[PDB]
Amino acid sequence: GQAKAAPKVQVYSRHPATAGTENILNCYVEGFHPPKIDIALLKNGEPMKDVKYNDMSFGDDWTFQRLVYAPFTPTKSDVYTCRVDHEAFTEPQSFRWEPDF
Amino acid sequence: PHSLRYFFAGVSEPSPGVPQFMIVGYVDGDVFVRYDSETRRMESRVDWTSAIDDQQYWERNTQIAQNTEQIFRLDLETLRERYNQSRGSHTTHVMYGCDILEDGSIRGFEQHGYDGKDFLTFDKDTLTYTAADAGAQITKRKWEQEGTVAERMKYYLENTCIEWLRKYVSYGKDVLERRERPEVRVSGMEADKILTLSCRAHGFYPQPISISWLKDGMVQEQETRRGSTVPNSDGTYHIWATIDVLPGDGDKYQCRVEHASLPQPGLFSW
Amino acid sequence: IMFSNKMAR
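Going down the list, the sequences are from chains B, A and C.
Everything in the first sequence is counted per the authors' numbering, starting at 1 for the first residue and increasing by one.
Everything in the second sequence is counted per the authors' numbering, starting at 2 for the first residue and increasing by one.
Everything in the third sequence is counted per the authors' numbering, starting at 1 for the first residue and increasing by one.
Think of the hints as simulated: they come from the structure by calculation, not from any bench.
One or more hints might be untrue.
[Unchecked claim] A few chain A positions that, by computed beta-carbon distances, are all more than 10 Å from chain C:
{"id": "1", "residue": "13"}
{"id": "2", "residue": "24"}
{"id": "3", "residue": "26"}
{"id": "4", "residue": "44"}
{"id": "5", "residue": "208"}
[To be verified] Derived DSSO-like pairs (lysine-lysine); straight-line CA-CA distance at most 27 Å:
{"id": "6", "chain 1": "A", "residue 1": "118", "chain 2": "A", "residue 2": "168"}
{"id": "7", "chain 1": "B", "residue 1": "49", "chain 2": "B", "residue 2": "36"}
{"id": "8", "chain 1": "A", "residue 1": "194", "chain 2": "B", "residue 2": "4"}
{"id": "9", "chain 1": "B", "residue 1": "36", "chain 2": "B", "residue 2": "76"}
{"id": "10", "chain 1": "A", "residue 1": "118", "chain 2": "B", "residue 2": "4"}
{"id": "11", "chain 1": "B", "residue 1": "36", "chain 2": "B", "residue 2": "4"}
{"id": "12", "chain 1": "B", "residue 1": "49", "chain 2": "B", "residue 2": "4"}
{"id": "13", "chain 1": "A", "residue 1": "118", "chain 2": "B", "residue 2": "8"}
{"id": "14", "chain 1": "A", "residue 1": "118", "chain 2": "B", "residue 2": "36"}
{"id": "15", "chain 1": "B", "residue 1": "36", "chain 2": "B", "residue 2": "52"}
{"id": "16", "chain 1": "A", "residue 1": "143", "chain 2": "A", "residue 2": "118"}
{"id": "17", "chain 1": "A", "residue 1": "143", "chain 2": "A", "residue 2": "174"}
{"id": "18", "chain 1": "A", "residue 1": "155", "chain 2": "A", "residue 2": "143"}
{"id": "19", "chain 1": "A", "residue 1": "194", "chain 2": "A", "residue 2": "168"}
{"id": "20", "chain 1": "B", "residue 1": "76", "chain 2": "A", "residue 2": "155"}
Backbone N, C-alpha and C define an ideal beta-carbon position, used for all residues, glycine too.
Just need the whole structure built from these sequences, with the hints factored in.
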């Protein structure tokens with residue numbers, strides 16, 4: 001029956017980051033099938049404000065892709081993650097933004 | 002190169018953020034049109050489409066979209082039964098379009114998928130479909146027996162598609178030919194006696210990019226990795242590359258970025 | 001422009 005393909009995820013900032021400086025946090029989720037998916041952006045384990053979900057697309061290997069993003073102002077103490085749940089994962093997976101200042 | 006591509010996807014049942022039927026069109030890798038399932042209309046997704054001035058252009062695309070939406074509902078029911086599948090959220094996919102290469106030569110594509118797997122692939126130069134399994138063979142035979150399916154697609158891919166691609170590339174030229182230089186940052190982190198250098202390019206346009214590493218001015222491929230290119234919210238792109246080096250040697254390395262915005266590939270250090 | 005109406009499978 002139906003192909004199951006696990007999401008591949010990258011978490012990255014729009015600009016090179018500076019502590020205390022407003023930026024945009026990106027979570028790009030790709031390579032998954034079927035399209036049903038849950039993607040969430042979290043700040044210290046809590047849902048982030050002002051999250052935007054672009055419309056989904058797909059590639060010629062029949063897998064789907066979606067960008068999720070939000071403004072953020074990273075500090076040296078805050079932890080930002082992208083949590084992704086999909087039926088091709090055995091468990092929901094969290095992906096941490098690496099604080100690169 | 003230049004490319005026009007249309008992507009169609011259907012799903013048996015919707016889910017959050019996943020419509021039952023979708024169409025997205027791309028020129029040179031950038032979205033330019035998309036179906037709105039609620040209004041049932043093809044819509045512009047980039048401002049230069051106002052230069053598409055032919056009368057009834059949007060109405061014609063909308064009519065094709067609505068017809069295809071009905072066909073996709075039929076196909077999902079047909080293929081569930083042909084493959085003796087249980088009911089569930091099945092998917093179906095079509096992608097087609099054309100390329101104009103650097104030498105002016107053309108390519109054309111039409112590929113069909115079902116449930117995340119290859120189903121049929123068109124070869125316009127032999128006017129035949131390649132079936133991925135015995136179930137897809139049934140459609141191959143149907144289409145090859147109708148007798149005009151392949152001929153009409155080959156004409157579209159070699160004429161209509163290419164004619165419209167040339168028009169879109171001209172209408173979109175000021176957006177498609179713009180150059181945004183990436184902001185590049187090289188950083189390093191050490192673990193288990195290995196210093197990993199990361200080179201991140203933020204906000205480049207257009208999409209093609211190549212990243213490599215120089216050690217004391219020489220190419221170094223040992224222990225290098227790279228991510229896939231991914232988009233930002235403004236239509237520019239992002240990529241990372243890494244290299245593993247000896248702790249203490251970070252100053253010997255440069256990230257080398259090949260990109261259309263850089264007439265000479267740029268070099269960056271941590 | 002899109003192709004005018006592919007056949008059903």
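Taking the hints in turn, this is what the structure says about them:
| no. | hint | result |
| --- | --- | --- |
| 1 | 13 | 15 Å, holds |
| 2 | 24 | 8 Å, violated |
| 3 | 26 | 8 Å, violated |
| 4 | 44 | 13 Å, holds |
| 5 | 208 | 23 Å, holds |
| 6 | A:118 - A:168 | 33 Å, violated |
| 7 | B:49 - B:36 | 23 Å, holds |
| 8 | A:194 - B:4 | 38 Å, violated |
| 9 | B:36 - B:76 | 34 Å, violated |
| 10 | A:118 - B:4 | 10 Å, holds |
| 11 | B:36 - B:4 | 11 Å, holds |
| 12 | B:49 - B:4 | 31 Å, violated |
| 13 | A:118 - B:8 | 18 Å, holds |
| 14 | A:118 - B:36 | 17 Å, holds |
| 15 | B:36 - B:52 | 17 Å, holds |
| 16 | A:143 - A:118 | 20 Å, holds |
| 17 | A:143 - A:174 | 41 Å, violated |
| 18 | A:155 - A:143 | 17 Å, holds |
| 19 | A:194 - A:168 | 56 Å, violated |
| 20 | B:76 - A:155 | 58 Å, violated |
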